[PDB]
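Given as structure tokens, the chain that follows is alone and in the form deposited in one PDB entry.
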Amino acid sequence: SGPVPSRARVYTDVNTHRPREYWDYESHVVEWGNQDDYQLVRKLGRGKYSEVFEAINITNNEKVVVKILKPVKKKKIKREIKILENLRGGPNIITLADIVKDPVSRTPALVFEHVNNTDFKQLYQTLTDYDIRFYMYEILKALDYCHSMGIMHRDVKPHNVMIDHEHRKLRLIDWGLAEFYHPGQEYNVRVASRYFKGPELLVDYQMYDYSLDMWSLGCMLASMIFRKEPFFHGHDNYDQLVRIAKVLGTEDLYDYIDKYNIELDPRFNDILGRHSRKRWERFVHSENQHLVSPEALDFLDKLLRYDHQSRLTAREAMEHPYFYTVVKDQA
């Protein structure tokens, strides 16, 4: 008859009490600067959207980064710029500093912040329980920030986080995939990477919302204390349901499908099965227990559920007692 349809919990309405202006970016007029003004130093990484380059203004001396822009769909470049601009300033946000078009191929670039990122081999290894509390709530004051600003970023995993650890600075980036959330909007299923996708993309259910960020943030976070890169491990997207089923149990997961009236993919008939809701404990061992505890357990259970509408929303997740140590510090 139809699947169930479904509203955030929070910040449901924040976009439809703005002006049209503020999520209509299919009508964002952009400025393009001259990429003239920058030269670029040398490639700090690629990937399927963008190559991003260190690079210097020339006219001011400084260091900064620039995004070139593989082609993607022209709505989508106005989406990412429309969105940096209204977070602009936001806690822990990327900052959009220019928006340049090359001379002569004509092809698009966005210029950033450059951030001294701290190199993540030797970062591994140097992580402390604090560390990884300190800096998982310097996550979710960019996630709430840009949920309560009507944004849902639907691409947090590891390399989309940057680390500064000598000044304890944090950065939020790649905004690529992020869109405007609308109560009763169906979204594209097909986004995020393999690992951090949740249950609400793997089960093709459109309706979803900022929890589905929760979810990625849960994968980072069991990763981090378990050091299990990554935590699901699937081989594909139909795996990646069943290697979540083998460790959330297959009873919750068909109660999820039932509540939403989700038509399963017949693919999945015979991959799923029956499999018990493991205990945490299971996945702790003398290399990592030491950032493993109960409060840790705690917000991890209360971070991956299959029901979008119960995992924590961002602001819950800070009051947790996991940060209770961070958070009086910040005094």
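We call the rigid core whatever largest set of C-alpha positions still superposes within 1.5 Å between the two forms. Residue numbers count along the first chain shown, from 1. First, how it differs from the form deposited in another entry.
- Aligning the rigid core between the two forms and inspecting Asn188, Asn261, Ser105, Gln125, the C-alpha positions shift by 2 Å or more at one residue, which is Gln125.
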The other form holds:
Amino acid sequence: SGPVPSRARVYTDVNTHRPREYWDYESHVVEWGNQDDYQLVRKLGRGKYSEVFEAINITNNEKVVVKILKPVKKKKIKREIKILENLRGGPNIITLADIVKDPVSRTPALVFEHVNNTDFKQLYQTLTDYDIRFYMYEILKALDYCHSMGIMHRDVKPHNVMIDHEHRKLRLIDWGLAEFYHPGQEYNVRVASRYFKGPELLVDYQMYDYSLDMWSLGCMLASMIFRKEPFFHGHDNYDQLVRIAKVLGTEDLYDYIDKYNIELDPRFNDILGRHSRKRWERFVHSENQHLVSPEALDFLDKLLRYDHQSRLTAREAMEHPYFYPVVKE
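Alternate state requested, the form deposited in another entry (shown: the form deposited in one PDB entry):
Left out here are the partners and the other molecules; the chain alone remains.
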């Protein structure tokens, strides 16, 4: 029969109305600087795609961050570069300062504006009800901007959100999985972290859109207000959907699959079963009560939906009552 097609509710055709060069990143030509302008101070951690260092720009003694890219396809490098260049100047978006190459190993490296992020492992337990609202609103600014620019982040999670609590600055980072949205394109579903993967990724629905980022944001919010990280703690991609099913119920899930005529992997058959949609009060207790409110739960409910078309858009979210104390200030 074949899966039912899907289009984005908002910002659907923004890339079509732009010059080819804007989104055709394969044909983008990179202008390199010299990595001798920078000296590495210390490593700030690693990943599967890069090693990240704090560094100094010897030309003006300013602190920067160098992200040396582990050998991936040139395409994926040009993509991250083109997207960062397109998103430059945007609200709460990380700034790409320069692009360099090691003279010896010819390994490409990205230079970013420095951000002094206090670790979320120690931060998300020191945040007040307002702070959560405030920073969530900041991320939404970033998401709305990049979506309006025709870009899906596809990797929204606490590790990719750098926060300077002292100056109350927030920067969304890691755009290595980011991609341009085109109506009717079927994307790779194997992106983002397991705990933040949307249902469309778990059931292998390729024609997704910006709303994927909104699910991930809901997962973040849930873990923050309930003090449960991660909120959906699955053992793998299949048990991850099961973990979700025990909360959002199985009824809406099977309706979602039916609406888009999704072919569900035979492996899910025996492991999903039947589960009711739980009320959010179940996850509330004395430890997190001060962060939970009727508005917080109403907002959270509108992000965590199986149907990606049924989730709030970034702009809609910013207009939710949950952010009234932030907008008033």
